[PDB]
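All chains should be modelled from the sequences, with the hints used to inform the complete structure.
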Amino acid sequence: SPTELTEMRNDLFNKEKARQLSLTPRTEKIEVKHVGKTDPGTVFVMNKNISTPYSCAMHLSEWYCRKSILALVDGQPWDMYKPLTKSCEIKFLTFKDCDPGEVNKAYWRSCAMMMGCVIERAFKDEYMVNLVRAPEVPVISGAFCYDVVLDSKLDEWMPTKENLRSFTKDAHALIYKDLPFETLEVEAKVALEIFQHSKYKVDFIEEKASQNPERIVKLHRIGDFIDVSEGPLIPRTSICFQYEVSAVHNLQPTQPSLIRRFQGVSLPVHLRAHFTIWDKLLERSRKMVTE
Amino acid sequence: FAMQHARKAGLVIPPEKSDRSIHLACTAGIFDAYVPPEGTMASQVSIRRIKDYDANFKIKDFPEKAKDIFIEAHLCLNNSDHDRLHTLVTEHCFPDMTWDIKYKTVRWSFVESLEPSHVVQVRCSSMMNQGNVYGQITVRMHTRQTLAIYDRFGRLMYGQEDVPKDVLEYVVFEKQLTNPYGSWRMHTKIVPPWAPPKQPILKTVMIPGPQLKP
Amino acid sequence: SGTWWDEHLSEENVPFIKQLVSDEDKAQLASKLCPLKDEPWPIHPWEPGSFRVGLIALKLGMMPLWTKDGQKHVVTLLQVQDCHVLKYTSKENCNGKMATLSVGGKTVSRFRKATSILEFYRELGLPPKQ
Amino acid sequence: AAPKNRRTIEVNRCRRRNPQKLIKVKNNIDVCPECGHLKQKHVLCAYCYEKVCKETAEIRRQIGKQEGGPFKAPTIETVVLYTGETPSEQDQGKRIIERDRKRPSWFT
Amino acid sequence: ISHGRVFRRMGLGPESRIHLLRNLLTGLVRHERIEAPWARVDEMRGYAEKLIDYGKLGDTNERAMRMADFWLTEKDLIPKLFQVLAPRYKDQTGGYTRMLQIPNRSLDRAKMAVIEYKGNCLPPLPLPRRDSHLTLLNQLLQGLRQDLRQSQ
Amino acid sequence: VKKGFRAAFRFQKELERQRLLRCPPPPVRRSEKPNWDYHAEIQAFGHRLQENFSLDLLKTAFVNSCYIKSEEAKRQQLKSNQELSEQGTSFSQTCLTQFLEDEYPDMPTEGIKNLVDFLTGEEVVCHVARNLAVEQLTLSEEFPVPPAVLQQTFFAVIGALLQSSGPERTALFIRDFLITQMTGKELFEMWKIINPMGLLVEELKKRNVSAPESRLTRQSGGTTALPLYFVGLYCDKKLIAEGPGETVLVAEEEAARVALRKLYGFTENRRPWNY
Amino acid sequence: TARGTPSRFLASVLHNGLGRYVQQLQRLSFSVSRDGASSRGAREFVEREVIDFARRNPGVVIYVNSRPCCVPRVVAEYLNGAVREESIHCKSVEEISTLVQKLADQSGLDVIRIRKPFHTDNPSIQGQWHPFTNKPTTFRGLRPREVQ
Amino acid sequence: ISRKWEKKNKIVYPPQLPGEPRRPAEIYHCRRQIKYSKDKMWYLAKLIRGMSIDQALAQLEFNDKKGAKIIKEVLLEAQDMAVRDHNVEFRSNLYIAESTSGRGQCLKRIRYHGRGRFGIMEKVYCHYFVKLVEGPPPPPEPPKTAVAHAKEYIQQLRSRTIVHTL
RNA sequence: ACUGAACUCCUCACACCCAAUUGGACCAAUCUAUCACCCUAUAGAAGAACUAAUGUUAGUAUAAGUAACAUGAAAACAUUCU
Ligand SMILES: [Mg+2]
Ligand SMILES: [Mg+2]
Ligand SMILES: [Mg+2]
Ligand SMILES: [Mg+2]
Ligand SMILES: [Mg+2]
Ligand SMILES: [Mg+2]
Ligand SMILES: [Mg+2]
Ligand SMILES: [Mg+2]
Ligand SMILES: [Mg+2]
Ligand SMILES: [Mg+2]
Ligand SMILES: [Mg+2]
Ligand SMILES: [Mg+2]
Ligand SMILES: [Mg+2]
Ligand SMILES: [Zn+2]
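Protein chains in written order, with the deposited numbering: chain 7, 36 to 326; chain d, 62 to 100, 115 to 289; chain E, 45 to 174; chain 0, 79 to 186; chain O, 9 to 160; chain c, 31 to 107, 119 to 316; chain b, 2 to 149; chain T, 47 to 212.
Just so you know, these hints were derived from the structure itself, not from any lab.
Any given hint could turn out to be false.
Not everything, but these chain 0 residues come out facing chain O in the computed CB check (under 8 angstroms) [said to hold, decoys possible]:
{"no.": "1", "residue": "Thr153"}
{"no.": "2", "residue": "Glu155"}
{"no.": "3", "residue": "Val158"}
According to the in silico footprint, chain 7 covers these stretches of chain T (three or more CB under 8 angstroms from chain 7) [said to hold, decoys possible]:
{"no.": "4", "segment": "91–102"}
{"no.": "5", "segment": "137–151"}
Across the chosen pairs, the derived CB separations fall in these ranges [claimed, not checked]:
{"no.": "6", "chain 1": "d", "residue 1": "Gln65", "chain 2": "T", "residue 2": "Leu153", "range": "28 to 36 angstroms"}
{"no.": "7", "chain 1": "O", "residue 1": "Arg74", "chain 2": "E", "residue 2": "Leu73", "range": "47 to 55 angstroms"}
{"no.": "8", "chain 1": "E", "residue 1": "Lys70", "chain 2": "7", "residue 2": "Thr120", "range": "53 to 61 angstroms"}
{"no.": "9", "chain 1": "T", "residue 1": "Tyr59", "chain 2": "d", "residue 2": "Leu72", "range": "43 to 51 angstroms"}
{"no.": "10", "chain 1": "0", "residue 1": "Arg85", "chain 2": "E", "residue 2": "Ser134", "range": "55 to 63 angstroms"}
{"no.": "11", "chain 1": "b", "residue 1": "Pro69", "chain 2": "T", "residue 2": "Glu168", "range": "26 to 34 angstroms"}
{"no.": "12", "chain 1": "7", "residue 1": "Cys133", "chain 2": "O", "residue 2": "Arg117", "range": "34 to 42 angstroms"}
{"no.": "13", "chain 1": "E", "residue 1": "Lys70", "chain 2": "c", "residue 2": "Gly263", "range": "54 to 62 angstroms"}
{"no.": "14", "chain 1": "b", "residue 1": "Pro69", "chain 2": "c", "residue 2": "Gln123", "range": "42 to 50 angstroms"}
{"no.": "15", "chain 1": "c", "residue 1": "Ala189", "chain 2": "7", "residue 2": "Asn49", "range": "33 to 41 angstroms"}
{"no.": "16", "chain 1": "c", "residue 1": "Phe41", "chain 2": "0", "residue 2": "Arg91", "range": "26 to 34 angstroms"}
{"no.": "17", "chain 1": "T", "residue 1": "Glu168", "chain 2": "O", "residue 2": "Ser114", "range": "22 to 30 angstroms"}
Beta carbons: idealized from backbone N, C-alpha and C, even for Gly.
Here it is, written out as structure tokens:
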């Protein structure tokens with residue numbers, strides 16, 4: 036069953052993380068030094084596998100907890116709920132910085148992530164889904180995409196406007212629950228055993244395992260739903276204020292494998308948009324992405 | 062700043078002179094610290124000097140009462156019986172032992188003794204201490220105990236009551252010989268640097284950097 | 045919280061918002077100049093007892109007037125910028141004494157308006173009004 | 079005019095507790111990236127403003143001792159110089175004043 | 009009632025309002041910076057603007073000389089005015105001064121505002137800087153700008 | 031200070047009274063509280079409820095197995122009541138089922154036993170025993186005593202009563218006390234059910250009649266937010282039951298409940314229990 | 002006062018009427034003293050009537066402290082545990098006898114206002130009144146002014 | 047006088063078991079004999095009650111008042127107090143629960159009115175009390191919706207019964 | 001024909017609805033005499049009982065957080081200006 040398959044993945048993910056923090060020793064300590072233009076000189080005595088940068092920011096001030104989306108660990112981004120495993124340097128960054136591009140790219144992956152969640156959970160339940168991935172696109176794309184393939188009986192049919200509006204209110208319900216992105220570092224042998232059915236996720240994991248020398252891959256869970264991402268993601272779902280799907284298009288090799296790909300646009304709470312400027316961004320996202 | 066403020070404030074006084082003198086029961090600090098390794116004639120004189128003040132005094136049985144006083148003095152910290160602890164513990168050893176445990180309880184059980192407690196050295200004071208003398212004994216102790224401190228609201232600060240762990244300490248005792256009612260009481264610890272640090276605390280902390288003004 | 049549009053954008057993009065939104069207004073107004081090319085409603089001639097819809101104007105000042113007899117008459121000026129129609133009702137959804145239309149004043153900024161009122165104008169096609 | 083009945087506590091309590099007499103909470107605060115503390119949007123950073131004010135006072139102290147009294151204001155431009163700097167060809171004609179400190183990054 | 013009145017009231021009459029204003033910008037010209045209440049400096053802006061605008065005419069204008077002679081009682085900054093400030097904005101036409109609000113005074117809790125001429129010598133204040141262009145919203149707005157440039 | 035101490039005395043009684051109401055201590059056994067004699071209390075208790083038999087059987091019933099664990103534990107640092126409670130609850134179940142089925146032959150064995158399990162439950166038996174001072178005589182480890190332990194002691198008293206007096210006197214005891222608590226609550230208050238109309242059609246097929254149809258007889262406030270329907274169940278164009286309700290479904294299931302009461306003979310207007 | 006005092010609906014302790022009646026007074030705890038002139042009523046009451054009171058009521062249990070007390074007291078708790086103490090200070094033997102008798106008579110529930118002077122467990126026979134009891138039905142089941 | 051508020055910190059609860067709900071550590075702190083009227087800062091106490099501390103630091107320090115300087119210095123000195131010697135993990139993940147004010151030891155003087163009459167002038171000193179509790183703050187109870195209105199009224203019509211009858 | 005009272009009757013208990021004024025039955029708290037001893041008894045004595053005097057003293061509210069009061073301006077806080 037597709038429902039029992041979902042809890043089957045969530046159980047194994049609980050088996051995997053339980054092995055992680057049970058394997059790591061207890062009462063471990065690490066001295067992480069703060070770096071940045073604001074409040075320098077501080078160093079936090081933190082744990083190795085239960086502490087997180089969000090906990091570090093909460094020791095400092097909740098103003099950063101509300102504004103921090105990622106952190107730089109020795110010159111590379113980091114997920115706010117992923118535990119730092121050694122003494123290092125840390126710096127939180129926000130949307131309004133000199134180079135917030137890595138924060139946008141994480142948001143681009145984040146908003147691209149749970150778009151796949153709501154659409155394949157919304158299905159009209161007898162139909163199946165064989166989703167592929169969340170394709171990476173630059174900031175200038177103007178919209179976040181997500182490829183998908185579907186049965187052949189509804190190949191000619193495309194989702195209508197009321198079907199789009201159904202996904203939007205569902206996505207609005209997901210963010211209202213304030214779902215946090217629970218991440219985990221897993222092995223390729225493990226991740227393939229979670230997605231052993233969907234072939235498109237299988238070869239995607241071998242692709243990531245081939246790119247990685249040690250074949251270790253990171254994984255992010257959206258509540259019951261799970262999916263892979265190339266880069267880090269935003270801490271919470273609630274920080275994306277307005278969020279909706281623009282249009283749908285379908286790519287020439289259709290019959291061997293149909294390439295459907297939805298498209299939307301959104302932005303955070305820290306900079307909310309007005310009705311007028313938001314409207315011209317819709318018809319921008321309704322168009323097709325060339326890539 | 063005390064003397065300078067007294068000048069500027071104008072609270073002039075003469076030196077406090079009186080026939081009465083403040084009588085102590087323990088010398089502050091120590092006379093000679095045993096530098097432990099990485100793992115004598117003066118001792119026998121100090122041993123037999125204690126015998127000149129109290130002929131009924133032994134050395135072979137001292138490590139027994141030392142460990143006996145150790146476990147019961149710490150059991151008093153659990154019960155929080157300050158009266159018995161004061162007669163069993165010096166006035167220099169009391170604040171460093173009983174200050175930080177305020178606003179919290181403590182649990183300390185004794186499992187066993189791996190090795191027997193052994194005297195390391197014996198030192199002694201001069202006559203120029205308020206017309207009194209004070210002797211000191213050092214004893215190494217290698218045992219296994221449990222420690223679990225709970226704060227005001229009953230959540231463990233660190234340590235678990237079930238697991239014991241090995242520990243090594245060099246306890247320091249001292250006694251007032253001028254009067255006869257003096258008894259051996261814990262004074263201080265050497266806390267050498269080469270020894271390893273204890274278990275960390277499960278909670279995480281920070282430090283505020285230098286508050287830079289404009 | 046509560047914020048505005050001009051906060052979170054760059055200085056080089058602010059003129060882009062201004063000229064684009066203004067061109068959108070001019071394009072909407074230019075398209076709705078000729079309602080005859082679109083579909084109009086049935087027209088009927090005036091009859092006794094009938095009425096005619098009024099309008100909204102803009103007073104810009106006063107000035108004098110003179111007649112053939114040389115007599116002076118003070119007279120105001122009333123200017124009409126856009127003044128488009130907004131809604132139609134039946135005398136029976138309204139359930140009133142008489143049917144009703146709605147008329148707008150002058151076009152203003154689309155930024156200082158309400159979302160429910162703004163989307164009402166979008167499906168209507170014209171810019172907002174005072 | 080004078081009262082006629084003691085105002086009860088329940089009507090006195092209602093008067094001072096009504097929403098307008100209470101102060102209105104404002105969602106109009108954000109973090110200052112420069113100093114790191116908070117600042118109202120239309121207001122400047124109080125910390126960095128005090129940093130600029132006290133430093134400018136020290137520059138005002140410098141030109142004061144150089145001018146040496148009132149009614150000694152010249153009729154030419156002036157440029158501040160810090161340690162590790164020489165006069166440029168542009169400001170060679172402009173007035174210059176010495177100062178013993180390191181160039182702050184916030185200052186151009 | 010008051011409708012269309014651009015001027016406002018400062019103190020104990022027309023004698024008072026301009027005279028304390030006169031002492032205010034008189035100190036502004038030498039420091040090129042001043043902190044003061046919001047309403048007071050809000051009036052001084054127009055006075056300072058017209059002051060330097062007629063200062064461009066130069067010391068040869070006997071009219072403007074008598075004006076600046078009245079506006080400034082120290083008599084030392086009037087040569088500094090025509091010789092320094094007028095060349096400073098001989099090319100620049102309007103918007104000479106920058107005005108931003110600052111926190112309230114310590115004791116009376118009155119709103120305050122800072123003034124300073126542009127291109128000053130002393131270090132600037134921490135002005136409120138517009139958000140970076142590298143933000144996603146600015147990039148989205150930068151996106152369709154090429155789309156409209158590509159279409160047209 | 032003004033002279034006198036009588037006023038100050040009664041004020042201290044008022045102070046400790048307020049200190050009692052503010053921070054009262056936890057309750058304890060009546061044995062811990064003063065003015066208590068163990069042997070005299072069970073004797074006086076036995077005379078209260080009109081029962082007379084050997085104290086060896088009484089003490090064995092009140093004594094639990096848990097107190098013996100603490101008794102020997104404190105002794106280092119006699120007879121349980123399992124047999125008495127076993128025979129007690131055994132006779133009670135057979136006797137309660139006997140009087141209930143003799144009075145209501147139409148009730149099935151399933152539902153009639155669930156009612157017996159309810160009356161012999163924890164909340165009912167302990168409430169009767171709590172209001173009969175059995176808690177004061179029973180002795181256990183923890184206070185307040187658990188309901189299961191108190192339930193075991195109650196049936197243990199029934200067992201000792203059975204061995205001494207007889208079934209007829211034990212029958213009179215459990216009959217009088219327990220049924221009087223049953224007078225208040227109707228059937229479906231303690232014996233909840235699912236698909237009542239489904240159970241109704243099942244019962245009617247056992248009684249060899251046709252499948253009835255639900256029909257609203259009277260209506261009020263249908264479009265109003267307070268709907269009201271009088272649904273009646275007819276078979277062969279003859280009615281059996283009528284039930285009000287909020288909606289048609291609530292009125293239908295209520296009318297199904299109304300028929301089940303009169304079918305099994307548990308109507309509110311039935312013959313009360315004779316004595 | 003009714004509004005200042007709590008209230009209750011009338012009810013008995015576990016329906017003591019149908020089955021065997023049980024004296025719902027559990028215990029009496031007398032507090033007398035070997036001295037104190039006020040205790041003459043209680044002590045003479047202990048001599049004569051408390052004996053016969055126990056013979057009359059084998060169910061109830063009695064305790065006597067007989068300790069020094071400036072004022073004699075009598076404490077009485079019932080099966081429900083409701084404790085009720087009354088002062089017998091300077092009272093005659095006849096009053097105490099009537100007082101202990103009514104204590105034996107009453108039950109274990111606090112004396113307060115009663116919402117009503119009776120209580121019925123099955124008040125409804127022939128069906129309680131609803132608005133549609135005393136009006137007829139309509140042919141074909143039709144509301145007024147309805148065609149179909 | 048009375049100084050129970052300082053004694054409220056001296057209590058010590060017993061040790062808690064492993065398998066039980068984690069208790070939120072409370073902590074008390076106050077300031078004595080401040081120069082500010084009792085009803086004035088009670089407005090400030092009405093503001094801060096029911097939010098987070100760091101969000102509360104923002105409001106009063108921008109609030110153009112004298113009391114805010116007096117009730118902010120008591121706040122963050124309770125913040126660093128709670129972490130140094132009361133075992134509080136996060137200096138920010140906590141919420142104030144009880145913030146009130148009260149009269150203090152006042153001082154009477156005379157104000158000189160016209161025509162020889164005198165007016166007793168009372169100088170006001172006050173005591174300000176604040177309670178902190180760890181964990182996040184509770185959310186505000188939203189207004190009861192129409193469903194709550196409907197069910198409460200139907201429950202009223204279902205709970206009512208005949209009176210003065212059998 | 002009904003509604004309809006502190007009238008009347010009914011079950012139980014009854015000294016228990018007049019100003020001023022007159023006669024009676026009790027009694028709070030207190031000291032002493034003598035008992036008593038987690039606070040009481042029998043007698044005597046009295047500075048022997050306060051919802052009220054534009055009452056006395058003290059404390060605190062209402063009016064009210066109202067009426068009313070205040071620092072000429074700038075800055076290096078040296079000086080300058082009105
Ligand atoms: Mg004025
Ligand atoms: Mg007064
Ligand atoms: Mg009568
Ligand atoms: Mg008269
Ligand atoms: Mg009396
Ligand atoms: Mg008197
Ligand atoms: Mg009085
Ligand atoms: Mg008067
Ligand atoms: Mg009057
Ligand atoms: Mg009076
Ligand atoms: Mg007024
Ligand atoms: Mg005024
Ligand atoms: Mg004045
Ligand atoms: Zn800053």
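Does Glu155 (chain 0) hold up as a contact with chain O if the rule is Cβ-Cβ below 8 angstroms?
Result: holds, 6 angstroms to nearest chain O Cβ.
Is it true that the C-beta distance of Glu168 (chain T) to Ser114 (chain O) lies inside 22 to 30 angstroms, as the hint says?
Cβ of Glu168 (chain T) to Cβ of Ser114 (chain O): about 27 angstroms, so the range 22 to 30 angstroms holds.
Does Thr153 (chain 0) meet its interface restraint, that is, does its C-beta lie within less than 8 angstroms of any C-beta in chain O?
holds, 5 angstroms
Using the C-beta atoms of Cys133 (chain 7) and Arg117 (chain O), is the stated range 34 to 42 angstroms upheld?
holds, 36 angstroms
Counting residues of the segment 91–102 of chain T that have a beta-carbon nearer than 8 angstroms to any beta-carbon of chain 7, does the count reach 3?
Check passed, 3 qualifying residues.
Just to be sure I understand the hint, the distance between the Cβ atoms of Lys70 (chain E) and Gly263 (chain c) should be within 54 to 62 angstroms; is that true here?
The hinted range 54 to 62 angstroms holds for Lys70 (chain E) and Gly263 (chain c), with Cβ atoms some 57 angstroms apart.
Range agreement (Cβ of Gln123 (chain c) with Cβ of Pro69 (chain b), hint 42 to 50 angstroms):
holds, 48 angstroms
Does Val158 (chain 0) hold up as a contact with chain O if the rule is Cβ-Cβ below 8 angstroms?
Given a least distance of 7 angstroms, the restraint on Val158 (chain 0) holds.
C-beta pair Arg74 (chain O), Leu73 (chain E): status relative to the range 47 to 55 angstroms that was hinted
holds, 54 angstroms
May I ask you to test the hint 28 to 36 angstroms on the CB atoms belonging to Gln65 (chain d) and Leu153 (chain T)?
With a Cβ separation near 33 angstroms, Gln65 (chain d) and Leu153 (chain T) satisfy 28 to 36 angstroms, so the hint holds.
Starting from the range 43 to 51 angstroms, see whether the pair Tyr59 (chain T) and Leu72 (chain d) falls in it by beta-carbon distance.
About 45 angstroms separates the Cβ atoms of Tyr59 (chain T) and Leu72 (chain d), which means 43 to 51 angstroms holds.
Please test the hint of 55 to 63 angstroms on the beta carbon pair from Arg85 (chain 0) and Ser134 (chain E).
holds, 56 angstroms
Violation of the numbered hints given earlier is confined to hint 11; every other hint is satisfied by the structure.
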